[PDB]
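Colleague: Each chain, written out:
Number of protein chains: 2
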Amino acid sequence: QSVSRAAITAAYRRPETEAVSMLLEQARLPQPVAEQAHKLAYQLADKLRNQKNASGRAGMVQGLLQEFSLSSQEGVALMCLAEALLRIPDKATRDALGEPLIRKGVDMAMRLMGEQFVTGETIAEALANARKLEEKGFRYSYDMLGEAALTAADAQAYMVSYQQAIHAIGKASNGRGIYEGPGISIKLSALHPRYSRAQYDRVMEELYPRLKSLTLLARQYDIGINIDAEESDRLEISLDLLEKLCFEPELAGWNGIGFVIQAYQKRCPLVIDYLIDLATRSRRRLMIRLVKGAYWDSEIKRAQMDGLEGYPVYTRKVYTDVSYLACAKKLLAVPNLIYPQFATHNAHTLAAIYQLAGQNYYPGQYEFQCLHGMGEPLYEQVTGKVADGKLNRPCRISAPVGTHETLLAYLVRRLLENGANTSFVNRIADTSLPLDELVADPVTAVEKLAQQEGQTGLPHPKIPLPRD
Amino acid sequence: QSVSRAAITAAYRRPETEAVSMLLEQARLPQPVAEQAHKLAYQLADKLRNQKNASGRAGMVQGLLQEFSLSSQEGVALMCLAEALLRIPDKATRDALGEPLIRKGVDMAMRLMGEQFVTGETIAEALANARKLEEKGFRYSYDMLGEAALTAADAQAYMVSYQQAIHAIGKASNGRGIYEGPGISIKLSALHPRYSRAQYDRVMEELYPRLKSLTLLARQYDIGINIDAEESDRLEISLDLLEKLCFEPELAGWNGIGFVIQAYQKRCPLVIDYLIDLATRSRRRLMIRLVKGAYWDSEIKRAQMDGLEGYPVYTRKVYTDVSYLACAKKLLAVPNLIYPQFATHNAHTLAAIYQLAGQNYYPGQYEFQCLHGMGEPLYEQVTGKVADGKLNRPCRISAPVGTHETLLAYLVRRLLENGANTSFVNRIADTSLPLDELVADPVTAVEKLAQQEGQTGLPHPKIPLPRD
Ligand SMILES: Cc1cc2nc3c(=O)[nH]c(=O)nc-3n(C[C@H](O)[C@H](O)[C@H](O)COP(=O)(O)OP(=O)(O)OCC3O[C@@H](n4cnc5c(N)ncnc54)[C@H](O)[C@@H]3O)c2cc1C
Ligand SMILES: Cc1cc2nc3c(=O)[nH]c(=O)nc-3n(C[C@H](O)[C@H](O)[C@H](O)COP(=O)(O)OP(=O)(O)OCC3O[C@@H](n4cnc5c(N)ncnc54)[C@H](O)[C@@H]3O)c2cc1C
Ligand SMILES: O=C(O)[C@@H]1C[C@@H](O)CN1
Ligand SMILES: O=C(O)[C@@H]1C[C@@H](O)CN1
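The listed protein sequences correspond, in order, to chains G and C. For the first sequence, the positions run 88 to 184, 240 to 610 when the UniProt record's numbering is used. For the second sequence, the positions run 88 to 184, 240 to 610 when the UniProt record's numbering is used.
All the given hints hold, so there is nothing to weed out.
Partial list, computed: chain C residues near chain G (C-beta under 8 Å):
1. 140
2. 144
3. 147
4. 155
5. 172
6. 243
7. 247
8. 252
9. 440
10. 554
11. 558
Once the Cα atoms are required to be at most 27 Å apart in a straight line, the calculated DSS-like pairs of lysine-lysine come out as:
12. G:278 to C:139
13. G:604 to C:178
14. G:527 to G:139
15. C:139 to G:274
16. C:527 to C:274
17. C:134 to G:139
18. G:126 to C:274
19. G:527 to G:274
20. G:134 to G:274
Hints were generated in silico from the structure; no laboratory data involved. C-beta atoms are modelled at their ideal positions from N, C-alpha and C, and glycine is treated no differently.
Can you build the whole structure from these sequences, using the hints too?
Modeller: Okay, here's the thing in structure tokens:
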């Protein structure tokens with residue numbers, strides 16, 4: 088392997104104490120920057136939590152819950168009485184006074255919960271809904287739902303769906319280009335049957351020509367085409383595919399190839415070193431989506447079953463946060479080689495990147511990204527005019543496109559993401575968690591754990607090594 | 088009295104059968120127009136009811152509620168099971184498996255429920271919030287809360303608050319003018335102590351100079367100034383004040399004087415005849431807000447206590463709807479004399495006015511109006527570009543300004559309006575009421591009642607004449 092590819096391989100499952108300790112100083116925000124990040128994060132989070140005065144109203148209730156020492160079901164009774172009294176029109180009057243059921247249930251629960259996350263049933267419908275936010279400075283990436291093709295027929299249908307989508311998105315883009323215009327994202331697992339266990343030779347013979355074909359088509363329309371990151375044991379083959387793609391003569395001088403990297407992997411910073419070298423060698427600017435990672439629960443389960451030396455992902459959420467910040471700095475350092483796209487719904491992460499990107503933002507420096515149904519509220523504070531009290535930073539919304547028949551896997555990942563006690567979007571909804579705790583700096587949090595536990599980067603107490 | 092003033096007086100409490108029968112043909116929409124009104128009303132109402140697919144989702148539930156014959160608490164249990172199952176990360180695993243308390247309570251209930259209806263605590267705060275919707279084509283009228291001044295000191299404080307508000311609104315308007323720019327609305331009951339029983343001479347000596355002063359100030363800034371309509375026994379004195387105001391030399395050639403008329407009053411069409419004559423004589427275009435009326439519950443109570451010959455308002459809601467349509471046609475007929483401002487949250491009423499206004503709309507022909515916290519959803523379909531799927535008709539939002547100390551009366555009127563089974567905004571939320579019933583034409587509804595009951599315009603069966 089090349090020097091950079093070899094380094095990736097060696098970092099695959101390196102001990103967490105080692106991995107985290109190495110990231111810490113790369114992730115640490117300079118005192119000035121950290122303060123500004125905190126203030127901005129606090130502000131974003133406060134505005135989000137207090138949208139319709141939710142907190143102000145809460146304070147009003149408790150202010151009476153004590154003046155009468157009433158229970159929850161008590162204060163409510165009083166409000167009910169007060170409401171009835173306020174409905175008296177005249178003040179004087181007021182004053183004076240089998241398995242199919244289970245299978246169907248899961249299917250329906252999936253669809254009801256999934257609606258919030260899906261932009262459209264078809265690409266035409268999705269694209270029709272774009273103007274509203276695009277006119278506000280938002281951008282879109284269309285995510286054709288459906289993954290892990292099991293059969294040759296399945297993969298072919300996905301291929302056809304991508305091609306049609308590119309034509310549609312490309313026509314809608316109308317030459318807006320890879321930055322301001324919409325793009326598409328693809329899953330390699332959709333393009334090859336049984337990708338999960340597919341061998342190198344067959345992937346190169348069969349998947350690659352499909353990847354190349356879609357990419358050439360995207361280039362014809364000048365839209366971004368992003369390669370999604372999936373399970374960790376497919377990282378290596380995805381890099382091999384990316385490597386080959388970047389050297390296609392027909393793509394020379396075109397910077398629309400995108401690639402996701404997952405900060406929850408120990409390999410992430412090493413993947414970045416490789417990508418930097420690849421952009422240099424292939425003479426392009428890569429569009430890189432930095433995400434934390436959507437498959438954590440499965441990654442942990444998988445590793446515990448394979449009984450290997452360790453995990454390919456961190457076991458404490460705060461370590462993934464630290465990894466993201468360290469990786470963000472690396473990406474921001476090389477604007478000639480990478481267009482960083484910072485996917486996050488986390489107010490601290492957003493504010494940290496905003497400060498790390500430095501003075502003198504220009505549109506092509508970077509963008510934020512979010513998932514439809516999750517990020518719009520946060521980014522409505524971010525994308526738009528400074529005069530309107532926004533940050534004037536672009537956000538690209540990932541917009542799922544598909545019917546109920548393709549929704550399951552995506553929906554499950556969203557449930558895990560939204561339901562996890564560790565998730566920012568879960569904690570922001572816990573009004574008992576103080577804002578300062580919510581937007582706490584991850585590097586400092588890691589150092590606090592280190593002082594308490596006796597060393598930096600210990601694994602989660604409840605997630606022992608697979609061999610234990 | 089003049090011919091027009093005399094006609095108003097004679098119509099004060101005319102029998103409902105007579106009043107309604109007289110309105111019917113003036114209100115009747117030409118077959119073509121009625122159909123277009125129905126289609127548009129249905130569309131507006133459907134989009135409002137189905138915002139986040141509320142109905143589509145409802146249909147999905149019942150589709151299973153029968154396939155298993157499950158109770159409400161039953162289907163819910165299944166969804167709960169399905170949700171837990173969908174939280175299993177790996178599919179294989181899933182598959183295999240005293241009076242102060244009362245006074246305080248009323249105060250707090252008032253404030254919690256009132257927030258949705260109040261734009262700002264102060265005029266500066268209110269004005270700061272205007273750009274968002276103004277940029278979308280909305281307009282504002284600021285409603286300084288506080289009415290029915292009891293003391294001289296009270297009225298003076300209201301007067302000062304209005305003056306300060308005009309300066310603020312006028313500065314914010316910045317010469318946008320009476321149509322495109324914000325205006326203010328005032329209550330005569332705020333400007334004179336014990337207005338409810340005030341005599342003509344004292345009102346002319348004391349209230350009028352205040353009204354004149356505010357109006358001259360509004361003219362200096364070229365903003366609209368609207369006289370609110372209050373209880374029915376103050377209609378006459380309000381007309382006397384308006385009459386005098388319209389002939390002030392300093393207001394000559396200025397068309398910013400506004401006046402509300404209430405369609406629920408039997409006098410409404412006669413007031414319009416008077417206003418038409420007044421605009422002609424005083425050589426101005428009057429800004430007229432046609433509203434249905436906010437004091438119905440109190441009007442009925444008042445009449446039943448005074449034991450008079452009849453009611454000054456209709457006793458069936460559908461009659462008020464008919465009155466509004468008849469009155470709207472009268473206003474639209476005289477664009478040189480009146481700028482009609484159609485206040486309503488009712489999709490049928492809106493659609494009917496839209497069609498009645500005819501072909502070749504121009505911005506200065508008319509506007510719609512709504513209350514903050516009630517009308518924005520409906521009018522988001524209306525104000526804005528045709529290309530964006532809107533109707534391109536302006537709506538002016540009435541924006542209450544004030545603290546909790548001035549909120550009570552306004553809030554109570556909003557509770558009655560929102561809570562009434564007869565209110566459009568209440569019925570649209572009743573998903574068991576078919577859309578077609580919701581947007582049913584009021585003239586046809588009245589004719590249906592007439593055929594069933596044996597004559598047109600009978601009073602509400604539950605609201606006998608006061609002397610009964
Ligand atoms: C536009 C877009 C494209 C995306 N593409 C991909 C993609 O191709 N592949 C993909 O994998 N994800 C992808 N993601 C999504 C992504 O990974 C999740 O949305 C993300 O991890 C949420 O991070 P956050 O900063 O919003 O929330 P945060 O609440 O701050 O962090 C959330 C998360 O931390 C991690 N985590 C949770 N618990 C632990 C733990 N105990 N130990 C270590 N880490 C933990 C997870 O990665 C997790 O999702 C994409 C997201 C967006 C917005
Ligand atoms: C910008 C603005 C300014 C306003 N200014 C004033 C004002 O100065 N004075 C004022 O009085 N109102 C004023 N109103 C408000 C107003 O009168 C109510 O908002 C209104 O009546 C609601 O009508 P609607 O078409 O939205 O609802 P709809 O549901 O179609 O009709 C509602 C109503 O019909 C009436 N009604 C209810 N029951 C009966 C019945 N049994 N018999 C007869 N009629 C019945 C009422 O007038 C009532 O509010 C204003 C409203 C707005 C938007
Ligand atoms: O599948 C997922 O969970 C993420 C989100 C999308 O952008 C696609 N990759
Ligand atoms: O007081 C009311 O109820 C109405 C609404 C405002 O426009 C003022 N008049």
